[PDB]
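J.: So you can see what is in the structure, the chains are spelled out below.
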Amino acid sequence: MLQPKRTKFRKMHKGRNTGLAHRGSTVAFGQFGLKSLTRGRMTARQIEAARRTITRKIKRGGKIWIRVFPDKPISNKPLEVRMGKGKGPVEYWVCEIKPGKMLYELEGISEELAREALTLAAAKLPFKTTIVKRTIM
Amino acid sequence: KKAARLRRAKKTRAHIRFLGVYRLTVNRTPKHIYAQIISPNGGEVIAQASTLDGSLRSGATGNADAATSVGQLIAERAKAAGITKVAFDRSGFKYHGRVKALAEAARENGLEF
Amino acid sequence: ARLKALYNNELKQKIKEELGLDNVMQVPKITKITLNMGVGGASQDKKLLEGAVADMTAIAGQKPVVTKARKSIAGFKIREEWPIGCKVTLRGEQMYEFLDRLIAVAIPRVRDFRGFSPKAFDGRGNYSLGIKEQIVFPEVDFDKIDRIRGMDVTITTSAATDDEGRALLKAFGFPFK
Amino acid sequence: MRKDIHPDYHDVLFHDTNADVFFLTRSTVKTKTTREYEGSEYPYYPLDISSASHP
Amino acid sequence: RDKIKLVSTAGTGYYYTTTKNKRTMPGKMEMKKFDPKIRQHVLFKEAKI
Amino acid sequence: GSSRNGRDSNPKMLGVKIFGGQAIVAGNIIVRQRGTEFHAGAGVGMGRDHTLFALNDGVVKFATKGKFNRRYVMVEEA
RNA sequence: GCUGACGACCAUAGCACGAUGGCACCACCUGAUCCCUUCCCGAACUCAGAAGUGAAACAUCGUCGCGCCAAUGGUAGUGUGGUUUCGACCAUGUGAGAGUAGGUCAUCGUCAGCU
RNA sequence: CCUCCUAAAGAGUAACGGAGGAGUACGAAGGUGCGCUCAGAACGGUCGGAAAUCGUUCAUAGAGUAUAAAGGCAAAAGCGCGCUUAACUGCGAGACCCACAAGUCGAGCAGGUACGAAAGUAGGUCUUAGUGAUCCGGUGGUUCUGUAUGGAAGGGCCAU
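Residue numbers (the entry's author numbering), protein chains in the order written: chain Lg, 1 to 137; chain Nc, 4 to 116; chain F7, 2 to 178; chain fJ, 1 to 55; chain bk, 2 to 50; chain VH, 8 to 85.
Some hints could be false.
Claimed, not checked - Calculated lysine-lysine pairs in the DSBU-like style (CA-CA distance at most 30 Å, straight line):
(1) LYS33 (chain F7) / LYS97 (chain Nc)
(2) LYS128 (chain Lg) / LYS14 (chain Lg)
(3) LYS33 (chain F7) / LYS34 (chain Nc)
(4) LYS3 (chain fJ) / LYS103 (chain Nc)
Hint data in this document are derived by calculation from the structure and do not stem from the laboratory.
Using the sequences and the hints, build the whole thing.
T.: In structure tokens:
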């Protein structure tokens, strides 16, 4: 359950998600990269589940890099409460995702096993994903 | 230190530039003393007098008497150049000793400030 | 000012010869001597300051100045702007005379002293020494002494480097390391 | 050196009997007994030990 | 910081109103202020307001 | 959960009042500001709230001058 | 040719490294009698002077080590009209930031002095 | 009432929208003249340490600015000293803001003043919060009025 240890402000605005992912579209740390073709919100629970499935598949044979962190807080309102009377608290944290953004990277493992693990992680995640080979340029 | 001396002269320099009057700036060294009159624009020298002048070059420079002389000659030069009302600029030097004698000579010899 | 007279005539030339300095002006000299007596007890009982000023004035030969604390610490319980320490600055002719008196009498009377550590220098050519007991100096009188207090002495030298600073002291004869 | 705000400061002669050495220097200390010195007469304070004799 | 009134020495009656703190200054305060009636600076004394 | 913070202050209407190249007479307020976002050069005076106003007739000019690269406002006689 | 004072401009003008400079000028530098200084100190400031040195500082020269400046092209955004799957797209006008090639050890003004 | 965002690069702009302060203080914490530069890091030094004071080297502000935040601050607006009361009187061309009532800035003129050798600065505090209309009553001045006339009462005008 990734979460910032402390934050300057408890609550944050909803914001708008637009544009392509110009930064973070290139794989650096690891040879094997998984990218998101669709924009959306990535929850900490989603990140944890994908990490756990990838770790189980690798069985300590490869190194995993997480390029997504849920710094942004999300406020949700409780049931049987009228609209207004103040903003709700941060039930959960999400990471804004843009098309082409790096989610996970793998190194030190065979391509086929990495592809299978990335397939499992994609199945868990809400984003369409295409595996991309790392390119120098 | 010349750095500190310029640091403590800038207040008066800026206030005189705001006033927009001709400025009688002094600059004294252990050997020589110089006085010159700068235009309100701050980039034109219209009158000058130092102990490098031939009249008092081969003499007791770096002295209160030399400062008094330089004041008298720059006062005459300013009178001949048409300047009558200036703002004194000790240029960070304490208004005292050679600077004070220079200022008093200039003030008594035609210039009023 | 026997040392002041001696330094220009003898010591300066031999320092230049010993260090093989290209130019005479490079040769170092002692710019200032500073004495510091910081005590925490002062400014609370308020009796310490008078005796400290008396002994410091008697030893130094100049009127000392009372510094004011610029910081407040909860652990030390010092509020802003209190007179916790006293210092004096000696230079030139009077400094050379003080240094002569110090070399003459102050260090020898010190009990259980063999020498000064060679690492005391900060590396920039400055020298610092600490005197355990103020009584060592002859100016103060043991009979009418309220309490014993230690002192700090600092010597400032133009040379930027410790080897030349130490050679400058050696020419003067400051007790061997 | 501001006037009148400083301690009494005067010539003093410091001698070591064991080393038989005379030193001349100005010190605030005052001595009841003085030794004659060819240059002039200034007060005497005895020294138990001297730097030169000190090992 | 109770209010105080300043009365001129001359007796013109022109007065100045200002606030002072009794704890930090219980004693009366004397100041020189311009007096329109006589057109000259004069001493002033604190008075009850 | 009640986080009671529904306060705000009234507007102050700061900003540039007369821009570059405009005719201006003595006394016109040029810039209302907090601190010296703009500084007063020749022909412009400075009030206690850091207001910049024209000391004489002319045309307002904006420039970046000096070592600190400060923004300056001047009134040129034109 | 160089030095000093006052300015324009405020890093392509800076920092860093190395070299040159003492006939003038500048700076250190000598002394604290006098003017004037220190909540102590001739450090600074101030005065009276040239025994000594360009050591430090200062000025000039050289470089690309840093800093700074910086294209062209492309991309992002964007006013107007239209379309839309609401992400965007088309026509037109505009056009960044970052990064890359590259550039830089400034350019001038008035007065005075030595040559 | 003040500061920031919402607020869409002039101003303005709402929510039981997201965050914090105010209902003071100072005769110096104002004015002027002069002078000074902080927080930290490392090294050395009696008690004395992680950190007291002293010395040295870097240090455009990583400090301080009476106070919440924004902006600003080197000619410092920050920090010290000497003398001082401009924390003045009568105003004030011209502007900002504004339904009104209000509110804000302001060169300059006249009188007196403080500082400075002087040109000069000073109509409170680096600015933006520290606030309350009218009626009524009280007080210090005032020749304006004064129910036949002279007074007085009361009323009016200025200050509070």
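J.: Would you mind marking each hint as holding or not holding in the structure?
T.: Here's how the hints hold up against the structure:
1. Taken as a hint, the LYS33 (chain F7) and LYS97 (chain Nc) pair is honoured in the structure, with Cα atoms around 26 Å apart against an allowance of 30 Å.
2. For the given pair, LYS128 (chain Lg) sits about 23 Å from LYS14 (chain Lg) by alpha-carbon distance, which is consistent with the 30 Å threshold.
3. Of the pairs offered as hints, the one joining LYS33 (chain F7) and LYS34 (chain Nc) holds, with about 28 Å between alpha carbons and a cut-off of 30 Å not exceeded.
4. The straight-line distance between the Cα atoms of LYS3 (chain fJ) and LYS103 (chain Nc) is roughly 26 Å, inside the 30 Å bound, and the hint therefore holds.
Checked against the numbered hints given earlier, the structure satisfies every one of them.
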